[PDB]
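Engineer: Taking the hints into account, I'd like the entire structure generated from these sequences.
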Amino acid sequence: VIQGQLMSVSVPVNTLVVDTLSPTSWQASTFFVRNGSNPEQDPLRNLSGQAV
Amino acid sequence: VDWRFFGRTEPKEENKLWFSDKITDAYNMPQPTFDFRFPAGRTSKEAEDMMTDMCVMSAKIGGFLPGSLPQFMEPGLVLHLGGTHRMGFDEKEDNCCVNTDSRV
Amino acid sequence: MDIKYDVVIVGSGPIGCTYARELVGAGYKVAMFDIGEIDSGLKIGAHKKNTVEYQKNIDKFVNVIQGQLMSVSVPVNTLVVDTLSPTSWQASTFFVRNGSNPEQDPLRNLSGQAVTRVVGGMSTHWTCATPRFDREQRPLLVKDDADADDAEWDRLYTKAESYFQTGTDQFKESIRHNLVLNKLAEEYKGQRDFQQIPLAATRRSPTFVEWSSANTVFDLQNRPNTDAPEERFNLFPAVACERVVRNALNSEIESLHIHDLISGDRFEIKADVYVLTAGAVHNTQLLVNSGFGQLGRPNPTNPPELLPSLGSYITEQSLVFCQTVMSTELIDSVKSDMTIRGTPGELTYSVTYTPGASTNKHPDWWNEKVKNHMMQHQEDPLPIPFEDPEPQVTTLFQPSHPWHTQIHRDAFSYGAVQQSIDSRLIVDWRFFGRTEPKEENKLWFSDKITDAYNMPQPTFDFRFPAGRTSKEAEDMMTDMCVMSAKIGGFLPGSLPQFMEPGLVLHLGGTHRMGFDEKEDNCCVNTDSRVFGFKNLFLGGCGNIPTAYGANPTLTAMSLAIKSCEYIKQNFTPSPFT
Amino acid sequence: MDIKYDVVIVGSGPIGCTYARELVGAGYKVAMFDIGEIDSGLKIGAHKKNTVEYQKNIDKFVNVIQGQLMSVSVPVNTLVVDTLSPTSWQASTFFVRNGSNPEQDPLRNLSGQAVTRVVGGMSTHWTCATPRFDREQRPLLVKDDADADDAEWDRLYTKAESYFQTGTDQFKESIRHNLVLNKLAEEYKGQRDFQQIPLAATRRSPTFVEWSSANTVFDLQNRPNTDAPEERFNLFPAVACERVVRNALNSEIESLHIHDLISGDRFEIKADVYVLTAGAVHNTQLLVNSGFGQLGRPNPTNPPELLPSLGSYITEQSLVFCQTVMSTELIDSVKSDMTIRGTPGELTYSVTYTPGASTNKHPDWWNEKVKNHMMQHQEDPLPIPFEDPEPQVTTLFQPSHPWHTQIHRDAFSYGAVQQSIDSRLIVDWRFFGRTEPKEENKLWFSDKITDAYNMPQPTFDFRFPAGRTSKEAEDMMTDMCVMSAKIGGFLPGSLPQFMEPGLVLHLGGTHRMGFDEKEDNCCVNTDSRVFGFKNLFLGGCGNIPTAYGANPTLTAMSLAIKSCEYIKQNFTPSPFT
Ligand SMILES: *Cc1cc2c(cc1C)nc1c(=O)[nH]c(=O)nc-1n2C[C@H](O)[C@H](O)[C@H](O)COP(=O)(O)OP(=O)(O)OC[C@H]1O[C@@H](n2cnc3c(N)ncnc32)[C@H](O)[C@@H]1O
Ligand SMILES: *Cc1cc2c(cc1C)nc1c(=O)[nH]c(=O)nc-1n2C[C@H](O)[C@H](O)[C@H](O)COP(=O)(O)OP(=O)(O)OC[C@H]1O[C@@H](n2cnc3c(N)ncnc32)[C@H](O)[C@@H]1O
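Protein chains in written order, with the deposited numbering: chain A, 106 to 157; chain B, 469 to 572; chain C, 43 to 619; chain D, 43 to 619.
In short, the hints are calculated from the structure, not lab data. Wrong hints could be hidden among the right ones.
[To be verified] If you want the footprint, here are the derived chain C segments under chain D, 3+ residues with CB under 8 Å:
1) 125-131
2) 505-517
3) 529-535
[To be verified] A few chain D residues that face chain C, going by a derived Cβ cut-off under 10 Å, partial list only:
4) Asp44
5) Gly83
6) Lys90
7) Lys98
8) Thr125
9) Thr244
10) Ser247
11) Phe309
12) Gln461
Even for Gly, the Cβ is constructed at its ideal location relative to N, Cα and C.
Structural biologist: This is how it looks when you write it as structure tokens:
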């Protein structure tokens, strides 16, 4: 219940590597802004656990 | 038994909450961005001394549960943010936003 | 250490040992250098699996494999660790650390790609699958004469198989093997052929297989010796070879610069003939460090003076993997010749079959094993003997399924949360696709960043090519899903998936072969001779210029055999002392 | 093979090699048998970490170790997998499978306990820490004379230290080592003393350390040879020793029954002297299989004829573990003597210091290393050189802190979530607690279930004794949390934790030593002679009867040296034929 109503304030751009996609799948050539990421955010100067 | 220790953070001018002039959140509002580091000196020192204290104290009750070993939580998971619009007596001398009647 | 040799071979894997076997045998004075050390026992460069302990504890050999795989190129790490103590030193950037390569784009890598520096190279740990390539996968050796090209490949393959001790009958008395093979043969009756994976291996007993390696090809002992009093060979382990020195005309190699890693010092070693068999990656690194191709980030504005195709058109295979848990119908079929009376555990319990009956679905050897296990182990609920050897099944590459298949039990991938399931139920599935050679797919070497041996850091610029390569990969994955369902369902934790690029370790095309340097965009001819150079040869998967699905080693060895024939015809062995 | 030996030694670990060094050197005709095979290159029994490749890729050796640790007792798996395809075969019970031991209570186990089957034993992979036990941890060799007991232990330890090549200077010029050492010295000034871990090793160069092994003690080459022409030794690898035969009176050993694993044949070997050095677990196994102690599940109602304490009073240490990330404070102190002009990356950038200046905090050699690193690698944010050797710090066991400590970088434990942090920052902490011998803590061997070598399956019945052992273990965990915080905070993924029981691999007391078989509930005397038996000797950690925290190998070796003194006094070498 708690997790279902804590929305993250500021989530950095995701840079996890996923290299086991099928060759056939659409694949990014950059770590572009997606899934609600905030491109302004320095991931090492964040309160990543902060939520509203 | 759960053990939680909360340490205090020295208020620093460089630690900031700001808002983007380009990126917006799900309500079309200027998106919040943090520029935050636990201050060096007392905050950092107290924070490690606090870890030790928990480790010492909890041992009088039992050993740690596997899976829940002593750790620092992600910054902000505690959800006790303060000082974003702080109170003081005087706007310039106390670097603040409201007086003691919470008036801007 | 001697000053002058007839032949000098860089690297002691199975390709390097092919050269040594031919040239030492023909009376050349041969020196061989390896950067790695004598490792796996008194038989030098032998298979590490050939111990009693590993064949009794097959789950543990994965650790041996992982222990000699060193990642080729590891991007800068950008994982966020934000639960450190405030007191801990933390940098403010994802700086270059821990052997990372800052030249490597993480989205265009072969992150699974790895190297092995030990005497015997990767043949101390490999799976020993040695299939032949059919026409559609192999380079031409003779132009415009399919039949002569066939006869030449057959001749080389026959020789290579003989050096490696390749056979197809080591698993003929395995229940699990024949169970799976027979089922798949039936299911694809009139559509696909199934057989045992050709394995470089010899059975010694029903519980022990002597797996082949570099040692099988050439035993790596110094000569002259008691059993070979007229041969000359020296192996120098822990010697990093750093470059071949070109003459000013680029017509011949003048020496080999080495670095002895025990003593610390460096030498110039002289030979009539120089052979590079340091692997697809390290052959190329040595060549680039020697002035071939182009150092640094590629740029077509300043095209290299030598071997412009070096490090281009690199191929690596797509690999899909899963494991299955044998079906009820298949396990029940193991005892279909048995008459069973009473309950296990009771005094009255009886399991029999009629030996040599026309109506028996299984041979006498199978039924006898099953009967004995069921009688002697009545607590056990499975009809498969505890000591039954693993399955080793393939349906080889064909135009209507252009992928290699392995349906087997690999030493690699052992894991233990799904080890709640009886190992007798488990079968591995590995499908390998082929990859079109494309100019943009490159292996190149940093002009600033060095590896752990002070050499130019390897960097990949690789993506699986759109078109046929990508389509065939998706069709393959589907094919494995369809085929494996015939045997059983997926084992949880080992669900169908693409493996990380390069983890298959079948890299080819880094120094590819062809008839003509310009027209075939290549680095060596069909004698494996570097274009322009009289006395420099390259061996290994790096020569293979085509899109191939099967394991390449045997094909590489065949090419090395042909290269030695050229050497034997064009260079004179020195007089014995 | 051969007929008759003076001395026969079972096991080629460092303890077996101690008996070989003494006895072969004293003129005895010695044969040694090991169930495992030659595994570490041309130097028989050597440390597998002594290759250039592993000292450059220290992260990979963890695999080598894991690859030769076979779990002693694995309980029946009851993990539930319910997401199998309905089509897959599934059993309706958690039946005995995959090598599980059904005798094993999963809650009274040493799950982490494991054994190595290779020539050289566990010394082919061990960490090499060899500290002495003080009085409180060690068995008495002399009654009622603490100064004579001290002198005897000092004499034996000194000889053992010489065979193992023990020293405390191999890491003296590491900045990380001294960074840590000096900080803890300062923090605990006048309470605890800190030093380098005593290590069986010899430094070969700034980057290479020759770790000691069995090979260091005895080279294991067959004698007679060129360098030992009047010595007689034969090593026989891949021979499972199965039984020692007791004579009618239970006063002597008549023979040893072996199983050659290559041929499959079994043999009866005769000698004057029989030495069992097969490890704490397999010594017991072999003895129980030979009619000593009691076969099968324990029952008091029918006590054993011989050696009733065999396999009781077993001890294993508690082990807590974490890793830390160096504090900002300590990192900054590394460069405190530097003056910095200009910006890094420019030709104008200048890092200097003043040699011999009294205000300097660090010696000249330290400042020279920092300066050169900072000048040569200006894009690096850390002042510690890339090639700087790991820390090797300990505060030895004392009454006020009765645990052994290692503050260091171990091969074991290398992960991949947390390799985001520069390795120069990371330090390992391992505290080892002592365990009181209790009769109810047991190693016993199944009368029905067998192992991979068809021997009685080992089973543990072990829990950490209540009282002092438990209290000390928790105080120890606290001690590590308090101490480690002086250096840095915990590394995420490597938080303070107890390790799986038996992972530390320091099992002792399985065939324990004492003066009197009845009064001291023991199996061997102080010459390691089995009571009642003139010519049977046991060597290894199983002899140690005490609660001990420190690494036991040096102590067991000291015991074997004492034991060889008795043998030399009581058996005549056969004449050199
Ligand atoms: C790791 C592996 C490989 C493998 C496999 C399974 C595993 C786990 N399964 C295979 C299979 O079923 N069928 C097959 O055909 N191949 C399979 N492989 C790969 C196979 O082992 C390799 O294709 C083959 O071993 C390559 O042979 P090659 O002789 O060309 O090269 P190598 O084995 O990598 O050894 C090269 C030697 O060179 C030494 N070296 C490297 N650099 C230098 C320098 N600079 N100086 C001196 N020596 C050098 C390396 O030490 C190595 O020994
Ligand atoms: C694995 C390990 C061990 C270790 C360590 C770190 C690791 C990763 N760190 C240590 C340390 O820092 N300090 C220390 O004192 N010890 C440390 N250890 C443990 C140490 O390696 C062992 O205590 C030591 O090696 C034991 O010596 P020992 O000679 O008594 O026993 P062994 O090494 O286990 O060798 C036994 C040999 O006997 C053979 N064998 C077993 N059964 C049979 C039978 N039936 N027949 C014939 N031979 C047999 C085994 O093959 C083995 O070679």
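Engineer: A separate judgement is required for each hint: does it hold in the structure or not?
Structural biologist: Hint by hint, here is what the structure shows:
Here's how the region 125-131 of chain C fares: 7 of its residues keep a CB closer than 8 Å to some CB of chain D, so the rule of at least three is met and the hint holds. For a cut-off of 8 Å, the count of residues in the region 505-517 of chain C with a CB near a CB of chain D stands at 0, and the three-residue condition is violated. With 5 residues bearing a CB less than 8 Å from a CB of chain D, the region 529-535 of chain C meets the requirement of three and the coverage assertion stands. Below 10 Å, beta-carbon pairs count as interface contacts, and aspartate 44 of chain D has none with chain C, the closest being about 19 Å; its hint is therefore violated.
A hinted interface residue such as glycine 83 of chain D counts as satisfied when its beta carbon comes closer than 10 Å to some beta carbon of chain C; here the least separation is about 4 Å, so the hint holds. Here the hint on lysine 90 of chain D is kept, as its CB sits about 9 Å from the closest CB of chain C, short of 10 Å. For the restraint placing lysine 98 of chain D at the interface with chain C, the shortest Cβ-Cβ distance is roughly 4 Å, inside the 10 Å limit, so the hint holds. The interface hint given for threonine 125 of chain D holds, since its Cβ lies 5 Å from the closest Cβ of chain C, which is under the 10 Å cut-off.
Interface hint at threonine 244 of chain D: violated, since its Cβ lies 14 Å from the closest Cβ of chain C, which is beyond the 10 Å cut-off. A least Cβ separation of about 7 Å between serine 247 of chain D and chain C falls short of the 10 Å threshold, and the interface hint therefore holds. Because the smallest distance between the Cβ of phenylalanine 309 of chain D and any Cβ of chain C comes to about 17 Å, over 10 Å, the interface hint for this residue is violated. Satisfaction of the interface hint for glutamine 461 of chain D is found here, the shortest Cβ-Cβ separation to chain C being roughly 6 Å, below the 10 Å cut-off.
Of the hints listed earlier, those the structure fails to meet are numbers 2, 4, 9 and 11, in rising order.
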